[PDB]
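Just the one chain here, the form deposited without ligand NPO, laid out as structure tokens.
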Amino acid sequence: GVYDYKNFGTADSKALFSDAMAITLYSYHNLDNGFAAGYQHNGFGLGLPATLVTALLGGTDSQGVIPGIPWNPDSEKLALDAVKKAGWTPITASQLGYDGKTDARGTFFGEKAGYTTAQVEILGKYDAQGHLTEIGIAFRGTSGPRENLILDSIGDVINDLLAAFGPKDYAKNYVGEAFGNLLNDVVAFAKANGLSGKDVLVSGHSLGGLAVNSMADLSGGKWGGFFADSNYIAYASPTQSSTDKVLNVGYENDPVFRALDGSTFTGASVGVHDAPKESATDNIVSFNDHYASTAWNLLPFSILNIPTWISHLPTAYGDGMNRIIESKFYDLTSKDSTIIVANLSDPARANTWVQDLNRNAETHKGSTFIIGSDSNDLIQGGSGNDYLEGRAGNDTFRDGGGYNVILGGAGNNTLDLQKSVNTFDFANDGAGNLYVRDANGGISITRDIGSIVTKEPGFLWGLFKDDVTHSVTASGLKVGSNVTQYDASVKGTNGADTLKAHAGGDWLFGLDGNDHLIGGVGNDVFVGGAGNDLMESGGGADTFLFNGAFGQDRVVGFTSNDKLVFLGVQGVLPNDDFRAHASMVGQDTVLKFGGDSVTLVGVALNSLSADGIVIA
């Protein structure tokens, strides 16, 4: 997964990430609540003034940056309840025996002159006997408490500028200076409780992210090395520590994220600074109204143009990246996977295609993941290989070619093909997969899409065009009396089957179970499915399709005009070709994808060509 951390594995890293985000969100006390609500209603163009009014004053369902407005919800109570729902309770200065400054919330404040506007939350997770099992340390980003917002933010910005232009390793030392004493009290508290450093989660966003990186940097030599093995997840940090301890997560179109290299100010710092970085997720796009807008992007992308800062906002971090965590495609992703997150306002969502524009970034490589919202989305895949997820809502998908998985989610979803039905072939395994094959042999595996839209020659002999909506049914695509037939098929069962192709060619659908698929002299398309499947060509120009946890298969009779297609399979690093996955075992080429494999019986690896082995 994109958020794998150390050696915790897929599932445990996701749980750690969700805790990091929860404590980070808590540290801002819903300061951006009004902004997120105004944006969602008004967007970022014509509605920008109205969005900014809500950012300041909230409304009846949000609280902006100004406190004490009687019709706003108590957004700070809501942030406290949300952090507790995630399992966390702030730890008091009294429980720590801490002598420094806290406010009425329990937020701890920086310890030295020049750091007095630094804030950190210290939180505890407790088991059912009320024993402490985990400590959360969440540094606040730029900003402070509503009571002192402006003066506190000035002090933060002075710190931000010293990171770039002050003493060498100002950023490294930030946490030592701001919270050196507090962190000794935390070590004592942890030890008193049977905890070590491994039981400590360290997080924060922006300046809070720089703080995560500072702390990792210092954890080797300060506080007795107690935190050397702590967990460090930083959001939208301008800096990266010199250690291997930090997961630096952010949106690539967030101008603050990676602004420094890893604390050095460069030419790039004021512009696009999207060079690959080892500790960082380099290719996650926030598809918001600004990113989508032609007008807004006439302006140079820069940390110095404030409207680009919409991509920095913490709520869209929490909301977008939670959708990545929940994605049915999550375990296909890796640290530098290209992921586009649908983050449009309500008005923009209704008329803007979520797609990879590749704006203000280095060229995206490998497959592209596009993650929709729980509302009605318009999602556009490119001409390469895409993983499109609609989620809830009535979603519409388009795609420009290649090999794709398209998950409609709940709702009434539609695939608009934008061309004639006659240029496509359609197959259906009866297990909820509708396969769509374009004129170039590109295949989309689709689920939960009930309507197919095509564009057909229309009046005056094709001068005008008809949009035709087809319903996906068991017997084919139907418009009124007109049925578009599925491609000839043989369907198996979820037990062990033997299926035989007819001579004109069939799609063979083994489904679950160890299946024997016998092709003929025709062009057959082999879908072994789950289980360990034996598949024999029979001759012709065959396609073998591998998706998900496809097991250990054997392919007999594979020749030069045949094709393997790996779609939604484990372990594909961005832009892998087959050689990254291929080895000879005796007489056979073996291709491995996670714990799944395909054995090409009798085929020399040296005869194989990227033409006939599609890895998406």
The other form holds:
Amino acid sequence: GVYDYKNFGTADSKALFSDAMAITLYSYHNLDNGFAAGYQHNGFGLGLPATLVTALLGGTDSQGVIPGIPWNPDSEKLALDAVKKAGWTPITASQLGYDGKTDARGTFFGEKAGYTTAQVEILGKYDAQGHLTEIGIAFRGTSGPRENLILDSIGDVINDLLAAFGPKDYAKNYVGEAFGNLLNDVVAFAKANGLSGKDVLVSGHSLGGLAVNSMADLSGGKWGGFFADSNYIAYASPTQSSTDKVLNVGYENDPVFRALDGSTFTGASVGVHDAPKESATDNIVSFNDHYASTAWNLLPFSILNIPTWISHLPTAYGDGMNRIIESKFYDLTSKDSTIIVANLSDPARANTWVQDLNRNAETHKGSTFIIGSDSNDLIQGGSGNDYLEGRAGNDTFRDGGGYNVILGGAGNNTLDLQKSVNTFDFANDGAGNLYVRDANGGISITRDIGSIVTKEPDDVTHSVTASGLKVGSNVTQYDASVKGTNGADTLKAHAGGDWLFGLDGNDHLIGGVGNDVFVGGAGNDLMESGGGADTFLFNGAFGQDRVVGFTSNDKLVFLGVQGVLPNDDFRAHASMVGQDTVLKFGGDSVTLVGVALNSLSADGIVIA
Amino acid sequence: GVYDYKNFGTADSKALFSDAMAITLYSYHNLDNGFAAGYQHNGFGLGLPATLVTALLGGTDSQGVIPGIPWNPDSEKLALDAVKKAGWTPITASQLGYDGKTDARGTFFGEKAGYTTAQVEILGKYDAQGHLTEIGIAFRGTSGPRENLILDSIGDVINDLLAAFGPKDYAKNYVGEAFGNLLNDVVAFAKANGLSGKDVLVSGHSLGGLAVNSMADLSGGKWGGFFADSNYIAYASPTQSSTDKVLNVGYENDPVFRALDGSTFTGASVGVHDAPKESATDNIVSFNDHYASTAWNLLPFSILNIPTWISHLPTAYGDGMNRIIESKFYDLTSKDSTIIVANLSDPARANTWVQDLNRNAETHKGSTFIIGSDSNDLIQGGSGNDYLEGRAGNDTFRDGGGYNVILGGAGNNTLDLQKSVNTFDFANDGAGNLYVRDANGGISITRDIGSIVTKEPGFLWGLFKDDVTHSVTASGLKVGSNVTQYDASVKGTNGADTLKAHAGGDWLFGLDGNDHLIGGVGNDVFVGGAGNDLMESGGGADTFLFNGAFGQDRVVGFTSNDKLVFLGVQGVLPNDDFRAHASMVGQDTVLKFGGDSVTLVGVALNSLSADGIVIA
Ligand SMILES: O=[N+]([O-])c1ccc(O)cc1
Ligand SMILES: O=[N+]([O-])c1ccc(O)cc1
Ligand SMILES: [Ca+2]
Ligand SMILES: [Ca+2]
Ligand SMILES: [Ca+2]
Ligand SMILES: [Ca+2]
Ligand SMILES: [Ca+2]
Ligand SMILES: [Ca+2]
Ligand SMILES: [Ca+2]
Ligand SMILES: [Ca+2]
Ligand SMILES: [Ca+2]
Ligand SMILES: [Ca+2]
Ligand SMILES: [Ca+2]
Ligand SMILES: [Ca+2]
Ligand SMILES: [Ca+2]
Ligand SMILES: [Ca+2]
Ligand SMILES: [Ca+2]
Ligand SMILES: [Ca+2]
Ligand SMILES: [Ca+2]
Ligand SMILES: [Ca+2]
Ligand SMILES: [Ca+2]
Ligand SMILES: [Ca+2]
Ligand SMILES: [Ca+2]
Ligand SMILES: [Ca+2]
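Please supply the corresponding structure for the form deposited with ligand NPO bound (the preceding block corresponds to the form deposited without ligand NPO).
Let us now look at the entire complex, which starts with that chain.
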């Protein structure tokens, strides 16, 4: 998964991530709520001024920067409720025996001259019995309490500038200078409750993400080494720690994220700074109105170009990256997977195709994951390999080719092929999967898409049904198939070639002399070629399969399988066990009985 | 004057400048109206979020960037009315037989790909019988019609960056590309109405400023050299043409103004870029809440730091520099005079002293002019020579020393001396001038200041201090029963007088007419006044004061320990000394200031000392 941390599992990394995000959002007290809400209603073009109005004054359903407006919701109380729902309660100055500054909200303030506009939240997670199980440390990014926002932000900006232009270790030392004493008190509080370093989660966004990385850098040597084994997840940090301790998360089109190299100002800092970084998720795109706009991007991409900071908004981090977490494709992803998160305004969503424009970024490689909104989206896959997720709402998909998984989700979803129905083959396994094979052999596996649109010289809409694609009474037939059951089946192909669908269970698929398409499905399947030019398709947790009679003109296709790193080919996954080539993908495998590994070519083995 | 242009002279260059601003402001159609008004009410600190709200949404008495808000006034109609009141009516595409694009306001739009967001207004002035007398060309700075603000602004900023980073002479060619055909039709419409190049005034602000300079660069070769001798006044231009045709007016703390040299991006472009430029007004400060703030100025001054852009606003240009135009000190100033304009918000004005902080600029040289607002101001002159103008409102002045003129203006005004009344001498000519002399001999000439505040040793033998308000009266400064006497005086009349000093020393006030002022052995202060005055020392350490149109005067018996003081006199370029004004005529040293002169009968120029000749 993209947010895998240390040696924690997929699940435990996700739980850690969701908490780091919750506490990160809490630290800003919904300051960007009005901005996020303005943007969602108005967009970033024409309506940019209306968006900015709401950033300042909010409206009937959001609070901007300005406090005390009667018709605004109490966003700060919503922020507190939200962090509590996630399991977190602010630890008071008095619980910690802390003698520095807090405000009326329990926020901690930086301790030394030059650091007094620093903010941190210290939070506790408590079990059913009311015992402390976890501590959250959430450093605030640039900005402060609504009461003193301008003055506090000026202080923060000086700190921001010093990270780039000040003493060499200025970023590294920031948490040491700002909260050295506070953190000694946190160590005593943790010890007193039977906790150690491993029970502490450290997070924050932007300047707060800089602080995450500062704390990691100081953790070996300061506070008695107590925090050395803590959990550090930083959002949109300009810096990266010298250590291996920090998961540096952000959007690649956020100009704050990785602006510095790990603390160094370079020529790239004021432009595109998208070089691969070991600690960082390098390829997550916020597909927002700015990113989509041809006119916006006639201007140079730069932290100095203020409208580019739309991709920096903490609500867009929380909302879009939570949908990554929730994705049916999540466990296919790793740290540097290309993921395009649908983050369009309401007006832009109506007429803009979410797609990998690869704008202002180094060239994307490997498969692409595109994550929709819970509203009606237009999602456009590339000509390489795509995982398209609609989520809720009536979604429309296009895709330029290759090997794809298209999940409609809830709603009435539509796949627009933009070409004649005669240039495709269709197959259906009777268990919710519609297979679409294009004129070049590329296969899409689709679920929850009930309508196919084609061009017939010009748009024609086909209903996806059990007997074929239907335009009223008119049927485009599915390719010849033998459907199994979720029981163990023996299925035999006709000499003309068939699609063979195992479904669950350990199945025996017997190909014939024709061109068959084998889909063993879940369970450990035995699949025999029988001759011809055959395709074997593996998707999801496909089991341990054996393929008999695989030859030179046969194709393996791996799609939606575990452990595929961006751009992996078959050699990353192939070995010889006895006289057989084995291809392994997570816990799943294909055994090509009697096939020498040196006989295989990438044109015969599709890895997506 | 600071805005003298070509050879139009003082008065006509001022009228030209007021037209330029009028049409410049028109081109923006009151876009910054809500910002100006939000700033005035809220300021730029704690009040900033509210200021920005008003910038976007306006209010009941302003319109911000967003059109069609029912309760805003129609600020676009107000702009049109304003430009008309100034004598100008936009010329239709039809009168020009122009085939390009205009919008519903009659604004002309740029003609080629990459210039379609350029905007220009073409306006005409008309005599009493309806004939055209003058054409105005106002190029719009970045921004465009409210209908399409953002996309239009994007196009403009793309143009802005190409001026910095694009083809050599991109800025020079901007008007050629954007408005080449428009300008051919204007030449033909000018000729058909009997006008030539000299009846055309070309202006605009920011990128509209860059366009002024472009048009001047191109005027020799294009359009048949028709506009070669046109009139060119640019505001807040990032660029300066290679010609001698452009007056480049701006605030020195406006980060856009002179950002480029004169179309070249340097290391200074993103910082302070305050090198003297021949074509530019180099030393005008917008004294605004940003400029005044210690907190704001922790951040580096740069065009890249958006809050510094407060000094760029066209309304603050209009309002600020029109007060310079109107100043009683105007005709003392020259292109590079240090002028500080009171531009504070209502909240900051109540507690912030307007002063030359010399922030984010080269060291200011020469006398300083500080121009107040029509409200109650706090104005602080420096330790060098100052001209402080309160205007209307109840103003309070302070000043650090030197030789000064302090015009209280209308209102109840106060001079706060911040130390003991005993450390000053006071004189009064009965013609409205109260002279204030400090312990170092520094003299301030004050008008319309009815109160003097001093700081006196008070309780516990001077541990504590009392602030004492004296009223300026005919018999002296008065606080209750206590009268601070004026220094001994002889006063003339507005006709020709002979006035004799007593042996202890007198202030001798000639007033108008050709007077004979006879000094004594004492230390006299001579003020010949208007007219041609003969003034004899008589011995002692004497002072001769010259202010205004002081005439052709003769000084007899001037020695080593005497002193001339020129204050509020013509032709004093920033930091002039006597040498730039002095010559020998026969046996005498003559000092010349505009049409006024002092002859130091018998004195050799070589014997003179900057010590004894104060030029302010
Ligand atoms: O948190 N933030 O970075 C913000 C929040 C609100 C805003 O209007 C601008 C920036
Ligand atoms: O002209 N301008 O630069 C402006 C004017 C108004 C405004 O709200 C923003 C910018
Ligand atoms: Ca802060
Ligand atoms: Ca990486
Ligand atoms: Ca990248
Ligand atoms: Ca959707
Ligand atoms: Ca694809
Ligand atoms: Ca859907
Ligand atoms: Ca089965
Ligand atoms: Ca099976
Ligand atoms: Ca076969
Ligand atoms: Ca074969
Ligand atoms: Ca299987
Ligand atoms: Ca424009
Ligand atoms: Ca100059
Ligand atoms: Ca200057
Ligand atoms: Ca002074
Ligand atoms: Ca005043
Ligand atoms: Ca006054
Ligand atoms: Ca007289
Ligand atoms: Ca004398
Ligand atoms: Ca006289
Ligand atoms: Ca005289
Ligand atoms: Ca003498």
